[PDB]
Amino acid sequence: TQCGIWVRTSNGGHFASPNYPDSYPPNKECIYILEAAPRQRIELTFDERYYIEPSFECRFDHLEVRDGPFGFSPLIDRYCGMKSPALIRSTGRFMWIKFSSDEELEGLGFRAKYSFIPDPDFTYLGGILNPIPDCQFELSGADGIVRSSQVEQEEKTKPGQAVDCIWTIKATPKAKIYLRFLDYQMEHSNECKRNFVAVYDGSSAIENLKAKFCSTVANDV
Amino acid sequence: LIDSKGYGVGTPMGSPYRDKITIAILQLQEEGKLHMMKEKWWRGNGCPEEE
Amino acid sequence: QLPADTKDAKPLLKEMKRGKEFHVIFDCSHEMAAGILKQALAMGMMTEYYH
Amino acid sequence: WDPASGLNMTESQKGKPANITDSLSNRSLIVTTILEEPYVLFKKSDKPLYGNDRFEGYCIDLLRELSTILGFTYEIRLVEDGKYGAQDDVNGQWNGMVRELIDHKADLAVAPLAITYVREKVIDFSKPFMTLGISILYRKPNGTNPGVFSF
Ligand SMILES: *[C@@H]1O[C@H](CO)[C@@H](O[C@@H]2O[C@H](CO)[C@@H](O[C@@H]3O[C@H](CO[C@H]4O[C@H](CO)[C@@H](O)[C@H](O)[C@@H]4O)[C@@H](O)[C@H](O[C@H]4O[C@H](CO)[C@@H](O)[C@H](O)[C@@H]4O)[C@@H]3O)[C@H](O)[C@H]2NC(C)=O)[C@H](O)[C@H]1NC(C)=O
Ligand SMILES: *[C@@H]1O[C@H](CO)[C@@H](O[C@@H]2O[C@H](CO)[C@@H](O)[C@H](O)[C@H]2NC(C)=O)[C@H](O)[C@H]1NC(C)=O
Numbered sequence: 043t044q045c046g047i048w049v050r051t052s053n054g055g056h057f058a059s060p061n062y063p064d065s066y067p068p069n070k071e072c073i074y075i076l077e078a079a080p081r082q083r084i085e086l087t088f089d090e091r092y093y094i095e096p097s098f099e100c101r102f103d104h105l106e107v108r109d110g111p112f113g114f115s116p117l118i119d120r121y122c123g124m125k126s127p128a129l130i131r132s133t134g135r136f137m138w139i140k141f142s143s144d145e146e147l148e149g150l151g152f153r154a155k156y157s158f159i160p161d162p163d164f165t166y167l168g169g170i171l172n173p174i175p176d177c178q179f180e181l182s183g184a185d186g187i188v189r190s191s192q193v194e195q196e197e198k199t200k201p202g203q204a205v206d207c208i209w210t211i212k213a214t215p216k217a218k219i220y221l222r223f224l225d226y227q228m229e230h231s232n233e234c235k236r237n238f239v240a241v242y243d244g245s246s247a248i249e250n251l252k253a254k255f256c257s258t259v260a261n262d263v
Numbered sequence: 758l759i760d761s762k763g764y765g766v767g768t769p770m771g772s773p774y775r776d777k778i779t780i781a782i783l784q785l786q787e788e789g790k791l792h793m794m795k796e797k798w799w800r801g802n803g804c805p806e807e808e
Numbered sequence: 203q204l205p206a207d208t209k210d211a212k213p214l215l216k217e218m219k220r221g222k223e224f225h226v227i228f229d230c231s232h233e234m235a236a237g238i239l240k241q242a243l244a245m246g247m248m249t250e251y252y253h
Numbered sequence: 405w406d407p408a409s410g411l412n413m414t415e416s417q418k419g420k421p422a423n424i425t426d427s428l429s430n431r432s433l434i435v436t437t438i439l440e441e442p443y444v445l446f447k448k449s450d451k452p453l454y455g456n457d458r459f460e461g462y463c464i465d466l467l468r469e470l471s472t473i474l475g476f477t478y479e480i481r482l483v484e485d486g487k488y489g490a491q492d493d494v495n496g497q498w499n500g501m502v503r504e505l506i507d508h509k510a511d512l513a514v515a516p517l518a519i520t521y522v523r524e525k526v527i528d529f530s531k532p533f534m535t536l537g538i539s540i541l542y543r544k545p546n547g548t549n550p551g552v553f554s555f
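Protein chains in written order, with full-length UniProt numbering: chain F, 43 to 263; chain P, 758 to 808; chain Z, 203 to 253; chain V, 405 to 555.
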């Protein structure tokens, strides 16, 4: 269905377009991550062949490689050219790569690597660098008591440090999701810079905010 | 009680005797004299009957 | 302006299809007019709305 | 101009010949109030509705009706210390809203301030918009298990 060669036996680095080398079809939203083995960081350098639809400020296609497996997690670069990529890193093992495609757009693709084991220097959570649990735990099922106190059960951080916990509700296959807030109370009501609860979509991209419940009340989605 | 009016010691338009009686009236409410003065005059002469 | 080098004016015609421009006054030689008129067909920009 | 840089205009917007401060324009009255039901409550909304719009209650509606009838712009600022205000010990300071009124960080105190003797010497009050007292709660009489000789 989606992207092709994905294999990760320490992974080598071969993340490629979903027909490469060919013309990739319209309307794909492939959602690449690579966040294991916490030493190595990042090196893209999509090897030598590169043509995606050159638009004026790129506007149709992108190859957004923002670091950290989401849409909010900070932007690094946008890629739409016909010239080989920018050979980069972002000090961490955290990544998210999209491959958007509107309707009438083709010509070549990419094929990636990572080829790395570096490490940074400064401490973040305690230690040499402490490659922090990117606050998270997945859960499937058909009923959740998804809680902000599993943080209080196991935070894997220090009390008094900023938290960024994201869940990933899967499914029971071929269905939808109905979220409803049983309990809801934030400390600083109506502040929305230092506290909120947000519900995106499938495929966590920043262009998918269903809701950004931040003030006093949260209703169902 | 339907409406809420209020009686009040008047004064000319702009006077120090507006404010320094307000200090004096508020003391008599909390001392209990202003209620005790009410039960001197508004107390009736023998109604009780125990209903 | 058409791109000077290539015969691939599909980056141009994707904008005009999206920009709601149904009336075009092309200034080309007939060698290049045939090449745009094939690429205006593959873009689906040759309905009965255009001129 | 420079093709690498662009327009670097050296007219970098120094001090303008129009500079007038305010003392009577609106001054935007910093109305100190406290949060207590049903006088002042937060809105029951989901979107980030803020400013002055996030408050709700009886005591908010009094401040809004004064703004029309007197022509001012109110700006609700909740008190940092959650007390009304009381005379302290040997310290002898005020603690809360009446402290904000002396300090002139508060032009107004639209809130349940109980007008009393120790506050009237120190700040001043408008005439009462609501009169109250001390009354009694009790059970409403129930279905009356009547005893046992109720026949
Ligand atoms: C002689 O001189 C130089 C090198 O010696 C060549 O380059 C020309 O000059 C500038 C390069 O700085 C080009 O103009 C700029 O183009 C930018 C867009 O580039 C994208 O798109 C083009 C195709 O349109 C691609 O070629 C390119 O790789 C990118 O994909 C614009 O963003 C620039 O706009 C703004 O730039 C700065 C602000 O940062 C300011 O100058 C302005 O405010 C401006 O708004 C700018 O337009 C120019 O296009 C280059 N020429 C050509 C033909 O492309 C010359 O080519 C070289 N040879 C000749 C024959 O002149
Ligand atoms: C953009 O314009 C400024 C305004 O003159 C240029 O020069 C300044 O030069 C002074 C003199 O030492 C220095 O303080 C700074 O280097 C510049 N800026 C400011 C705010 O003073 C500046 O050189 C121009 N930019 C470029 C890239 O040439």
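For the record, the hints were derived by calculation from the structure and aren't laboratory data.
Misleading hints may appear alongside valid ones.
Taking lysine-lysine pairs in the DSBU-like style, the calculated list, with each CA pair at most 30 Å apart, reads [to be verified]: (1) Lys-451/V - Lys-790/P; (2) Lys-451/V - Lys-212/F; (3) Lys-254/F - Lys-198/F; (4) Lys-216/F - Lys-240/Z; (5) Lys-795/P - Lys-762/P; (6) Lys-216/Z - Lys-240/Z; (7) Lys-222/Z - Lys-209/Z; (8) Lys-240/Z - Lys-200/F; (9) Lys-448/V - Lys-254/F; (10) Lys-797/P - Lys-762/P; (11) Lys-252/F - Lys-209/Z; (12) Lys-762/P - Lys-790/P; (13) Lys-216/F - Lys-235/F; (14) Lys-252/F - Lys-240/Z.
Listed below are several chain V residues computed to face chain P (Cβ distance under 8 Å; list not exhaustive) [as the list claims (entries may be wrong)]: (15) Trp-405; (16) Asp-406; (17) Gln-417; (18) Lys-420.
By construction, the Cβ of each residue, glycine as well, lies at the ideal position given by its N, Cα and C atoms.
Which hint numbers does the structure go against, in order from smallest to largest? As far as the earlier hints go, 1, 4, 8, 11, 13, 14, 15, 16, 17, 18 are violated by this structure, in ascending order.
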